[PDB]
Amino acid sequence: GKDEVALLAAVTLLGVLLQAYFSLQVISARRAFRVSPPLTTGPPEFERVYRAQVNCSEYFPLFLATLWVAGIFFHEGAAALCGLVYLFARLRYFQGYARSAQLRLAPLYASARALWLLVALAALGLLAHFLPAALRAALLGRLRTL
């Protein structure tokens, strides 16, 4: 039973490791521009790397929630593949943003498409687990029991 969700757990763990990488880059930028904590404002190069990390952290629970709903209710393999596509787009988004605000846009749109696809698979999976039972009950004249 655990192996039915092992792929989702592996993709989740890869997402956690990618967040540690983003945190490591913010530590390297803090030394490079002497922006010591608790300071978050500084040169534009520091601000971009810092904002890229904040964006990736805020979206991490959204990726996690939809990966698990899609993987359990739609299909495990399809959701894990979309999750991988999302993580790789977020790595490119972070790398682009570090160079410039404009270069973050193409990988940001790619990550938005991957997250919207996970949302769509989760919705399709939830409908596949609810609509057939409702349809069966309506045809049998037992919808109120449901």
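Numbering follows the first chain given and starts at 1. Definition used throughout: the rigid core is the maximal C-alpha set that superposes within 1.5 Å between two forms. What changes on going to the form deposited in another entry:
In a rigid core superposition between the two forms, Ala137 is the single residue of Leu127, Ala137, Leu18, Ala9 whose Cα is displaced by 2 Å or more.
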Contents of the next structure:
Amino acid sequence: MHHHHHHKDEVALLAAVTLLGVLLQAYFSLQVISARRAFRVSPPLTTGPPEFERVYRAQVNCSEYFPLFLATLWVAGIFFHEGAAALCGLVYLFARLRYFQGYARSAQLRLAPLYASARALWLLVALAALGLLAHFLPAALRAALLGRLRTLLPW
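Okay, that was the form deposited in one PDB entry. Show me the form deposited in another entry next.
For this one, just the chain is written down, with no partner chains and no other molecules.
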């Protein structure tokens, strides 16, 4: 409720990549709705021609991974480096766009961009992990050394 400082400028690139991700997900959704018309599939019900089922499944898989992407983007961006996390996020999202486009054409064409999206997501995971390790490991190593010291009142 103010606050004479804000932390917006520390997360704005994460927020922009997040919004791009929302926009891409919305687009995937609109493509499924468009495929429902092209290939005559009525709600509820997610079975129909192969071409429809591939578009449907591409959207479902993107949707499933999307919170994982968001969680890791934010943890990596806060604990490791904002710019690095955001760049990796852009690469992931572009890879997901290529995955969806590929998959819609052929199951097999989903594979190369799928691998690219996994490499970008795993890099985000590794940056998040390194950032958290940097945060916790020094204090933990110190507390353990201190307990050891201890010895003491001797030597």
